[PDB]
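Participant: Single-letter residue listing:
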Amino acid sequence: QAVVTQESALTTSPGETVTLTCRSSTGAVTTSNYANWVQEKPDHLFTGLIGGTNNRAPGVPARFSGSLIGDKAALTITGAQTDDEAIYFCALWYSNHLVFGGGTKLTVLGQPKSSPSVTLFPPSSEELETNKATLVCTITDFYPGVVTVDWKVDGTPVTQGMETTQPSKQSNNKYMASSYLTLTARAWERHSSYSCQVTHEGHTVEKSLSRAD
Amino acid sequence: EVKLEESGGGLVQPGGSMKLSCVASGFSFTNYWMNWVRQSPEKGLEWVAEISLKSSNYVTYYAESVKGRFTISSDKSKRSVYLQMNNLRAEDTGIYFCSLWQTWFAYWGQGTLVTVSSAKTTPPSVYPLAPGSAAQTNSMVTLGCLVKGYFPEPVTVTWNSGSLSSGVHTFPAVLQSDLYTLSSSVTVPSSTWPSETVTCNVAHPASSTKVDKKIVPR
Numbered sequence: 001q002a003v004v005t006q007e008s009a010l011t012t013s014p015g016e017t018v019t020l021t022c023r024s025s026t027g028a029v030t031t032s033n034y035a036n037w038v039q040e041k042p043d044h045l046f047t048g049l050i051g052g053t054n055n056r057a058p059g060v061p062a063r064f065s066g067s068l069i070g071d072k073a074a075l076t077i078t079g080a081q082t083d084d085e086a087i088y089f090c091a092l093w094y095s096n097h098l099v100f101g102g103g104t105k106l107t108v109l110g111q112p113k114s115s116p117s118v119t120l121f122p123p124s125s126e127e128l129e130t131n132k133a134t135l136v137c138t139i140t141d142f143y144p145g146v147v148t149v150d151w152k153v154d155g156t157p158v159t160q161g162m163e164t165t166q167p168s169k170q171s172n173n174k175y176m177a178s179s180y181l182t183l184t185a186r187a188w189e190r191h192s193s194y195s196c197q198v199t200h201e202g203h204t205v206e207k208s209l210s211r212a213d
Numbered sequence: 001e002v003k004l005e006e007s008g009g010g011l012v013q014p015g016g017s018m019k020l021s022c023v024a025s026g027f028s029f030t031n032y033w034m035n036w037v038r039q040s041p042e043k044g045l046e047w048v049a050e051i052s053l054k055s056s057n058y059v060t061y062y063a064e065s066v067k068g069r070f071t072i073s074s075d076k077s078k079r080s081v082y083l084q085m086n087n088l089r090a091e092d093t094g095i096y097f098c099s100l101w102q103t104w105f106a107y108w109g110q111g112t113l114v115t116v117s118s119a120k121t122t123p124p125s126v127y128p129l130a131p132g133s134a135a136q137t138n139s140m141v142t143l144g145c146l147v148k149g150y151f152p153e154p155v156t157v158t159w160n161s162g163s164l165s166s167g168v169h170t171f172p173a174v175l176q177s178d179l180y181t182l183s184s185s186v187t188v189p190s191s192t193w194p195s196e197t198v199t200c201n202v203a204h205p206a207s208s209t210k211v212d213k214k215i216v217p218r
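As they're listed, the protein sequences go chains B and A.
1 is the number of the first residue of the first sequence in the authors' numbering; add one for each residue after it.
1 is the number of the first residue of the second sequence in the authors' numbering; add one for each residue after it.
Do not rely on the hints blindly, as some may be mistaken.
As the list claims (entries may be wrong) - Only some residues are given here: those of chain B computed to face chain A with a beta carbon under 7 Å:
hint : residue
1    : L10
2    : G52
3    : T119
4    : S124
5    : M176
6    : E206
7    : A212
To be verified - With a Cα cut of at most 25 Å, we get these calculated DSS-like pairs of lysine-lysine:
hint : chain 1 : residue 1 : chain 2 : residue 2
8    : A       : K54       : A       : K78
9    : B       : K41       : A       : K213
10   : A       : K3        : B       : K41
11   : B       : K132      : A       : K214
12   : A       : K43       : A       : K54
13   : B       : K132      : A       : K120
14   : A       : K76       : A       : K19
15   : B       : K132      : A       : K213
16   : A       : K43       : B       : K72
17   : A       : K43       : B       : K169
18   : B       : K132      : A       : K210
Because the hints were derived from the structure by calculation, they are not lab data.
A virtual CB, placed ideally from N, CA and C, is assigned to each residue, including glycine.
In isolation and in its complexed conformation, chain A is listed as follows:
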């Protein structure tokens, strides 16, 4: 079967460069155009560039936003297409995909993440979230745990070291000022808290940081 394998993504300062590689394996793709499409949380899909995989006939199209900056190229002997990125900006962050196109987009790669950011590796500040007196009367009590100012993704949140698995809700990370922030909550019976302790264990492998935060009544 066909299989596209992508590689060469990572973190890079603005103005820097990166070159990705999409390795195609299968039957003869002389009849396909290899596309690069990037996906960001802010612009969904965004077509970047494309090349015709005819060894006889090479044609390239680029998106207006990458003209003069990006260049697409292929090497048959390696069965590979490449995207050269220069003068990268923050708007170029996203999961870059390669796709074989003939009439329709017939095959896709797994994608590789390209992050354009100047921020440094920053560990999270774990703050406890506990109900107010307006929320001390419910049969079930929702405790929480704010994870603020960390970089890069991901962090992993577990409650009571995994022994508290049902009722957990980890929310999507938001980004502000080159720094991430997400929250995780756990809802337990009001008979278990504060009688029994409840603790969020956050891990940030990038900074080799683990923080345990016990939720005590306010």
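Just chain B, with the same shape it has in the complex:
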């Protein structure tokens, strides 16, 4: 139903130019979709940036601009600033309804790259008494704030029972997140090696634990 797609994530540095886009599955985005752009910052902060394709609301910095680029609407931040790091939602009008896109998480480099600090916790003896076993892989102090988490059990990757949280900004604007591997108590007895692999900026950090000790 008139699906609207946006780059899920993009990264720029202060002073550079970045361009988010907005594609309509019905066909080419046109001025008649009256494309809008809404900036969302933490704490459900909301600001209307662009309306009617390229109408900049008052108070919005001049470095923002809306336009069409072929079959898409496009928000263009010219000479970005650290305070531009946010989620940017595109909304197209479809005659009788509006549709928001998935959004695009824009990162504006505000500090140097920090690798994640990983720590793996085994199930508590208390919890196993409920016949449930939960391994907890904590992740903190990584920047930019995107990580991938893969679990291995006895050297075999795990497909099911894993759940990872969306990162969260720390006071230092580095990021933290936690992954969980949920097992049955039995399944925890039936295996001996457990690994949590956190990949960040193409570099992987691993923390494992063996019950053979």
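Start from chain B and add chain A according to the hints.
Facilitator: Structure of chain A alone, referenced to chain B:
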């Protein structure tokens, strides 16, 4: 200045109903369309419905997913717009916002939370997280505290009753089977633990429950 104030959100069983109210105060908004947009962790923003605030001309648009279920309405004498929700489902949970729109979304409300869930008020099961022997050699030791199976949000975690404030990391709650679960860790010098005790104090005001859990070596 303009100010939108939202109200009427809470917890409701699936199939139930709720009616929200967005009270607008400022200059004459005859030229604005009042929108309802909801935000969930799973669908980001999602446009719900909209109404034209012309006293002369009333027009309403609805999203395909709420047609036949939701109805938007306004009462000038009260300077208010309302969203009536019926036959609520789990997919309707989220922070509902109202926004004044004229060309662009010019003003927003603070949002009110609408939660569609059948679960009952459930207190957390606090389990301790302590390192394995592979992690007893580092100069700093990261202790933890798992808070499992609680409802609704929030819980508040403090370590040693607040006296341990630096190095704490409380992570976002995950949801599974109508029940929440988050974790909190604290990293302290290996010379302080286990010599000195370290305890997570979890509080769940919904169930008036507080649990202290001392982390002892495994």
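Participant: Evaluate each hint against the coordinates.
Facilitator: Verification of the supplied hints:
1. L10: violated, 16 Å
2. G52: holds, 5 Å
3. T119: holds, 4 Å
4. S124: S124 (chain B) check passes; min Cβ-Cβ to chain A is 4 Å, inside 7 Å.
5. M176: Result: holds, 5 Å to nearest chain A Cβ.
6. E206: Violated - the Cβ of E206 (chain B) stays beyond 7 Å from chain A, reaching only about 12 Å at its closest.
7. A212: violated, 11 Å
8. A:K54 - A:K78: holds, 15 Å
9. B:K41 - A:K213: violated, 35 Å
10. A:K3 - B:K41: This hinted pair holds, its Cα atoms lying about 19 Å apart.
11. B:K132 - A:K214: holds, 21 Å
12. A:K43 - A:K54: Not OK: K43 (chain A) and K54 (chain A) at ~31 Å, beyond 25 Å, violated.
13. B:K132 - A:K120: holds, 21 Å
14. A:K76 - A:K19: Since the Cα atoms of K76 (chain A) and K19 (chain A) sit roughly 17 Å apart, the hinted pair holds (cutoff 25 Å).
15. B:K132 - A:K213: Roughly 19 Å between the alpha carbons, so the hint for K132 (chain B) and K213 (chain A) holds.
16. A:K43 - B:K72: holds, 21 Å
17. A:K43 - B:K169: Distance ~20 Å between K43 (chain A) and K169 (chain B) Cα, so the pair holds.
18. B:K132 - A:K210: holds, 23 Å
In terms of the numbered hints stated before, the structure departs from hints 1, 6, 7, 9, 12, listed from lowest to highest.
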